[PDB]
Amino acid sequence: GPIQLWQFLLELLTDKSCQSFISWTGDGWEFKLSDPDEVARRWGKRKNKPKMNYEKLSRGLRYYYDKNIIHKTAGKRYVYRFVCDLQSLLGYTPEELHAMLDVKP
């Protein structure tokens, strides 16, 4: 269906299988694409865009800065932070979510 980038990432971040290439940092809604190429590959696959890569996926994310959906964590490679209201969306404080996922940090 009409899946959006941020929603797609949020799905990966709530699937413990994907923790090797994308995960929460442990700090609120901040997350990291530890393996950008893989995330991009998948995003590409979900949207049917074989040529998709991190360089283009990151452009997607950058459009969010303005829309206050996601912001960049300055200084941290492949690190962003959901700035929208996720608690409302998934009814869980980050601490509870980090617990369900056994997020290390």
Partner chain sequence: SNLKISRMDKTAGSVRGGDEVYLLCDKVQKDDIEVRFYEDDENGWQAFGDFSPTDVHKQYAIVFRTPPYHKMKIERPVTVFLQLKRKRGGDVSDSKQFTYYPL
Given for the second form:
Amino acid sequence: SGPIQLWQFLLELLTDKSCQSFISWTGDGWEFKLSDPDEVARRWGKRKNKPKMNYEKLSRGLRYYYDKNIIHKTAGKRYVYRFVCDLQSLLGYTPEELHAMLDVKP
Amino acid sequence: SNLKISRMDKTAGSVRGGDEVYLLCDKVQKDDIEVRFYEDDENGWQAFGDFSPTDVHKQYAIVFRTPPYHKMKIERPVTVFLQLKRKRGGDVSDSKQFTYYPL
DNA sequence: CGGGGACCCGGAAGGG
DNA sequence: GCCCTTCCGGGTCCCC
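Moving from the form deposited without the partner chain, what structure would you give for the form deposited with the partner chain bound?
What follows is the entire complex, opening with the chain shown before.
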């Protein structure tokens, strides 16, 4: 549980109400949208000591997850990605339950 | 020799992890120090504060990030413990409280 | 129409 | 090896 990973950082953001303006759940299971990708990459960059971080590069992080049962793209939807890995075991809640607590307008 | 947490920046955080904690401590070596969060049940959960050797300040402080709890579903604030621990050494410190919050 | 400019895709190199 | 970070060449859009 050392240096936090990209998928782990995004999950952290996804569970903070004060971050909903730039990253948020779409309301469909574990699908999520980087509504403001420049912001998300700026914070990821900050946490990992990488000033020059941008969405182009952060996205390559996301593409290395595609064969690894972590995160997939949602084809056709701008900035929309889906957790395919076992989040219900990780964070106790179902998606519907989490969406309720975090006031997700689907 | 012996490991001491003198004082901490804060003793509560979100269950989600990521909270930045300034720990003040007695002499440590940047490359032989770990911050272990734990729970001492049969469940026996453990995790490590996220930091690097550069975040260790003049041998006497650590600036680190809390790990997530093993679950987010809690409806009353939970309390876990933490200690300093040498990677190679075994020896640990007197263990301070830390408290995880919902939402 | 023709171009730039976003998202995207993955290969390749390299770091820590 | 792992997990990105940094590039890049290539693909599809849309819009000026």
